[PDB]
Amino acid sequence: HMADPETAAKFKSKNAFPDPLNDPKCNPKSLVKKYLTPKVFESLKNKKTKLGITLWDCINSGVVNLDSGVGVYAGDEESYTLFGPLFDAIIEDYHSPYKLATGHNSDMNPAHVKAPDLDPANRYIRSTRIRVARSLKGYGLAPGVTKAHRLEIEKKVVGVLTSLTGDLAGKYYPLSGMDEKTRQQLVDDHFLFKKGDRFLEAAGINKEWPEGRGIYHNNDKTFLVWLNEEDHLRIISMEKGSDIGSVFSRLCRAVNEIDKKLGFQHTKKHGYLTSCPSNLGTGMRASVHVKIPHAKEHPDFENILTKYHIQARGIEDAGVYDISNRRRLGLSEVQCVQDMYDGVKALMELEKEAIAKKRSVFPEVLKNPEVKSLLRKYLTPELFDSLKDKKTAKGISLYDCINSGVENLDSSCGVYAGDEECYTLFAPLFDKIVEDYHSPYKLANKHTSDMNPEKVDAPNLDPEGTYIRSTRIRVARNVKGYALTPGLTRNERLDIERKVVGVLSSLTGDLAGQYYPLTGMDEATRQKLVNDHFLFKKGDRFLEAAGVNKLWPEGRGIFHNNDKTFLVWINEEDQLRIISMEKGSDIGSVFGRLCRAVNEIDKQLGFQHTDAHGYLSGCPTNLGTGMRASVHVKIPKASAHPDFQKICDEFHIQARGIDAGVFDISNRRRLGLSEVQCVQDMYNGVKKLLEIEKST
C-alpha cells in the first residue's frame, strides 16, 4: 500500500521466488500473485531476452507494490513470448473472455465508423475522449528501452508531429530544458505529466528521467501526445460535447501518419504491444461524460452496459457518469468506438424517454397558489396543451423555454427564449410576459432602434464631478444567424466567440484592446481582471436551468480597452454585453464611444432584431434597446424635493442608493423608446436633478 523496494531487492538480487507475494498485505486479486507460481518462477528465472530482460525485471513492480492489480510490465516484445507462461495467463485473465488463440484484428479507419453527432445541443453529453497507447517498431518497450533509443524515438516522433497540418498543427515541448513558464501553462491545461509513480519506478520505466520525454498538443488543444511516459506514445484526442466521430477521425489522422512514417509494435495475437498487458490490443480508452440520472434507475441500464461492453462510473455534477470501454482485445478500434457510440446513444435515448414523459404533462408545481412568476400567471393548461408539442427549427420546445421557471419556483419571469423563433412560435406565452414586464409597451406599437450619437444633445453636466461621479451605458446584443444563448450548440458558441474576437481585435483608436478567454485563464490574469471588476463567473441557478451554462467556460471571454472605458463580455448571459464607462458626467461621450463600437460590430456581424421586440435576448427583460444607462450622482437635496417623483416619472428613470449619498440613476424602460431617446431622457432627467442640487 506503499512501495517496499528494499524488500523486493533482497529477493531480486538472489534471483529467488518473491516471498512477499505470499504476504497477507498482497492484493489477493493481484495477477502476478495469481500466476507467478514457484514452478513458473523456476522454469523462467534464468531466461533473458535479447535486451537482457529477465523475469524479475518484469515482475518487479508487482512485488515492490504488493497492492498491484496486475503487477507485471514487459521490457520488450520478446518478453511476452519468452515469459509467456506468466504473461499468457495474466492476459487471458485481465482481458477475459479474450483468448490469445482467437487472434486480434486492428482497424484504424475512421470511415468504418458511423457516428452522426449525438448531442450538438449538449443536453446530455459533456465531453468525449479517445486515447491509444503505441510503441515504435525496432525498440524495446518503455521498461527496457535504452537511453540512446529513447532519444531516437523522441526525435523520430517529433519529426512527424511537427509536420502535422490543419487542426493537428501545434507545438512540441520537451520535458528536458522546459522553463517554469511553460510548465505552468501545461499544468493549467492539464497537459503535464511528471516523474512516474511508485509503479512505474519499480517497473524500470523512470530510467534517465526526464530525458526523451515530451508533450505535443495542437493549437485547438483537442489533440495531445505524451512522449515516452509509460509507452513510447500516449495519443489522446478530446473535446467538449458529443462528437466522437470527429474525435476519432482526428485521432486516426495523426496515428496513421505516425504509423506510415514510423511503424508500430504489433502482433496478430496481442494487437499493439504496450508496457502493461492491460493496454494490449487496441490500447484504447474511450470515455464520454454524460448526464443520465434517470437512465441509471431504469431496469435496462445494466443490460445496455453489458451489451456494448462498456462501464459506468461516477465522475454541479449530480447524475453525470463516465462511460468507458471495458475491452481492448478481441475488438477493433473501430468496433470499440461504434459500441461506445451505440451504447451512449441507447443510454441517452433512455434519459430522453424519461424526460419527454415528465414534460408531457402540465407542470404541477405551478398549481401552487404562492408561486407568483409571470410563467404561472400566463401558462394555462390549455395554452400548455396547444404549444407543448411544437418545436422551433433549432429544436427548442416550450418546456425548454419555461424550464428555469419550473425548476426555480421563486423566479420573477421564468421564461427564456432559446432562439428568435420562440418569440413567434410560443407567442401566446411570450407576448403576455413581454407586455407584462415591459408595461406599458404593446407589441403592436413596435420598436425603433437608434444608435446615432449625433441625435443626442448633451452638453457636459458636471465637469468638476462635484455631483456626478461616474457614467455607464451597457447594451446586451446577440449575433444574427445563431440561436440565443439558451439554445446554442457547441459549434455556434465557438463560432460566435471567434467572430466577435475578430471584430474586437480590429478595433482602433480608443477602442483598441485585448481579449481574455476564460478557458485556460491563469491566476494572475484573473486577479487583475477581478481588481478592475471585469471578471464574470458561471451563471446562477436561473441561468443553469435555462441551459445558459452549457460547456462552461468554453467560448466565454472578456475584452477591454486600454483606457478601461470600454468592456465586452462574450457569451456570458447574452452573447454580447457591451459597456461604455467613465468617471464624471459626460454621457454624450460615453454613448458616442458605445455607438462607435456597437455599430462597427453590427456592420460586421449583424444582431438579432425584430420590429416588435427590438434587439433579441434569451431573457425577455433585455429586449428592445437591451440597454442599462447608469449615472452615479450625489443628490440629497433633490431626493427630498417634491419635483423628484415628477422628474423620475416624466423621464422614466429611477434612483437607487450606494462614496456618499451616491445614487444610481438608471433607465426604467427598454421597449418603446430608442437608444438615443433613452440616453436623451437620462440626460434631461439628471439635468433637472442637478439644477435642484445646485440652486442656492
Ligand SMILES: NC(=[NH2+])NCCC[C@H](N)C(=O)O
Second form
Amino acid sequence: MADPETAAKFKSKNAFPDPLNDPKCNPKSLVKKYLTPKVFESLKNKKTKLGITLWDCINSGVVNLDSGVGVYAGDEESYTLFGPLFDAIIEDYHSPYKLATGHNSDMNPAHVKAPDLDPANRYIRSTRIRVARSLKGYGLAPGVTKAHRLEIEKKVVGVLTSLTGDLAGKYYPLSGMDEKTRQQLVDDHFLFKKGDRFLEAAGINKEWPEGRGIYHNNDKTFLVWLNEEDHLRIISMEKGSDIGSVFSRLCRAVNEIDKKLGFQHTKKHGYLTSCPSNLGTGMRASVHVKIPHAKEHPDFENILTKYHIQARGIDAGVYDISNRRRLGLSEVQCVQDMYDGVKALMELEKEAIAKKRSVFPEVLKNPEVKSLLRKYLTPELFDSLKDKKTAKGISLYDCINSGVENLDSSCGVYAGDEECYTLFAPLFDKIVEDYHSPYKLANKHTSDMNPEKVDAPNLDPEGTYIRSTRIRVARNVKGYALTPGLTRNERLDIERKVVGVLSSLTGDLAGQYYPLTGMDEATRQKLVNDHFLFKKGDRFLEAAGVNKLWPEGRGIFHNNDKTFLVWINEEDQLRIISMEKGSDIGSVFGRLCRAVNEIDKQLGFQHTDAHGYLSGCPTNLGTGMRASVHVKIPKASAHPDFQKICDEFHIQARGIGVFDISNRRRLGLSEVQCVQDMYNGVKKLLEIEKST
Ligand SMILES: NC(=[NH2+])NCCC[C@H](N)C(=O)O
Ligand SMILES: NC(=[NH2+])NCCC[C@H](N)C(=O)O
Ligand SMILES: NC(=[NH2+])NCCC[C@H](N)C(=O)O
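To test you: the structure above is the form deposited without the ligand. What is the structure of the form deposited with the ligand bound?
Everything in the complex follows now, all chains and molecules, and the chain you saw is the first one.
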C-alpha cells in the first residue's frame, strides 16, 4: 500500500505530511508518533552538508503508511540535525536504552566463551550472525553520492578480495552480472534485488544497480551485501551450533575492513545505519533450534526475558531464536546472551526428553508390535542398559528410538557407533543373530575382496537371459561414528576424505563428484534419469538420526562409463555400486574390488571379527553386500529343482518375465563366497532355461 503520489504533493511544498493522520496509518508508526507539527516546523528548513532534509528522512514513512519506524538517515549529521525526531524514535524503538547512557562496542571474539553446544546436532539446526556497517567519510545509503557509492564498492572489494583462509572467495558485482551467475546466487539464496517500496521511498534505490555487489567465501559460510540498505551487510552463518566459530569468522572479516577503511560510529549511537533500528551493534544473531517441549515449560518465557532474546516460527517444534536488543549491549554480549539463552532453552528440552526416556517405552507393550526390538527388549534388559552411554554419547534409547517412533518396524534398532554393538550387546547380539540366522557371533566373519578367488566364466555373453548385473557394498569410514551418531564435522570430514580418494581414481574408475548441497535442477534431472540420485531418508532413518542436517555432506560420484556409482553419507557413509549390462558378474566384482580396496587402503573401514563391516543398520553387517542379477527365467522357475538350487546357494528371486536374483545372507560368508554362490546358482537356473 505505497502512495508516493500523495506524499510528493506535501513534500514539494515542504508541508506537514497529512497522510500521517490518515486512519489507515499504522498506529504503532514511530514517525507518526514523533513527527508532530511543532517538530516539523522546527526542522523543515534545515539541511545537512549533504543537503539531506527532514522530508528526505521521513519520506518512506509517509509513502508507506504501514511503516513501523518510517525514517531513514541520509547521513550521520541527520541523526543530530534532526535529533528532536531521531532521539525520540531511537529511545522508543530501543527502550530501555538511553542515548545519555552511551553505547559500548566490542568485536573481540576471544571475549566470548562459547564451547560448541550441539556438535551431534540433536537440537540446533543452524546458526547465523549478521551486522550492518557503513564506511567513514561518506553519506549513508539514502544520501551517498553516485561517485561515493562507486568508491565504497572499490574500497570494500579491495579488502574482501585480499581475504585469506576460510574467508577467501569471490566478489560478484550486480552491474553486468550475467544470467547464469544471477541464477546461481538465487539458488544459494545470496542474491538481492532492487529495494522494495520502503527502500524506494527512502531514496536508497538511486543509481540502481550501480555499485551494488555480493561477496561470499568458497565455503559459503560468509556473505557480504555491498551497498544495499547500508554500505555493508555482513553475514557469517552455517548449519549446526558452533556460534563461537561463526562469530570469530565474522569478527576477523569485519575487523580487517574496520582496520583498512574505518566505520561510521559514535559513542551515543554505536555504529551508524540508514535505519535507526540497526544502530548500536547493527547485529542480528540467530539460531534455529528444535525445542517443542521447552515451549510448554513455565520457565520458557523467563529465559527469553532474562537474555533479551525472542523465539518465533521459521520444522515441527523448530524456533528461530534471535536477539531483541542492539543499543546498550556490545556485540560480544549479544552473542554471549544468545549462547547462554539457547543453552538454557536446550537444557529444558533435554530434561523433558530424559524424563520421557527414563522409563520403559510403554508403546512396546502392545503384543501386536512384532519388531525384533519388541521381541528382545525386555523391561529387565531395558533397566540394565538404560543408563549407559558410548564414548560418543550414544544411549540405548538413541539406538531403539526408530523402533519406538515407528512401531511397524521390522527391526527398529540402529547403532550410533561401533561401541554400541558391544556396550548394548545384550540387545544387538540377539537382533543380529535373529535377522542373520543361522549365523552365530562366536563363528566370527571373514571378509575377502580378492576377485581372483571367484571363478566366473561369463554365463551369457549374448544378452539373452541376463539383462543386467549389479553388486553393491555398504561401508563406513574407520575413525568415525556410524551414520546415526555422526557429528556435523565428522560428516563433512568424511565427504572431504572420500571425494579426495574418488577424485584420484584413474582408468575406468575415473569420474566426477556431484554434491547434493547446491545441486542445480539440470544436474539433478540428469542424475534422476541415470537412476543415480538418492533423497532424504524415510521416517525410519529420520527417527534413527540419519537425516541430520540434510543434505550437507551428501553427494554422488560415478565414472564416465556409468558402471560405477558411489553414494556418500546417505544411509551409510559409503554405498559402493558396480554394475554392467549383461551377465559378467566376474567383471562387475573385479571392478568393485579395485575401487573398494583402493578406498580401503587410503581411508580404512569400520570392521570387527564378529560383525564384519560395521553399519548403522544391523541388517547391513558382514559383507554389507547385495549382489543382483536381472534375469528371465520361467522354465527353471517352474522346475522342481528351483527350491533346491535357490536354497543351496542362499539366493532369492523377485519379479520387477524379468526376475531379480539376489543374495540372502551377509554374515558368515565372504564377499567372494557370496559372488561365487550367485554365479553357481544363476548358472543352474540357466542350465534349465537353455535346455530343450
Ligand atoms: N530493514 C529494515 N531497516 N527494517 C526496519 C524498518 C522497516 C520499515 N522502514 C518500517 O518502518 O516498517
Ligand atoms: N538461523 C538461521 N539459520 N537463519 C537463516 C534464515 C535467514 C533469513 N534471512 C532470516 O529470516 O533470518
Ligand atoms: N579389512 C578391512 N577392510 N579393514 C578396513 C580398515 C583398515 C585396517 N584393516 C584396519 O582395521 O585398521
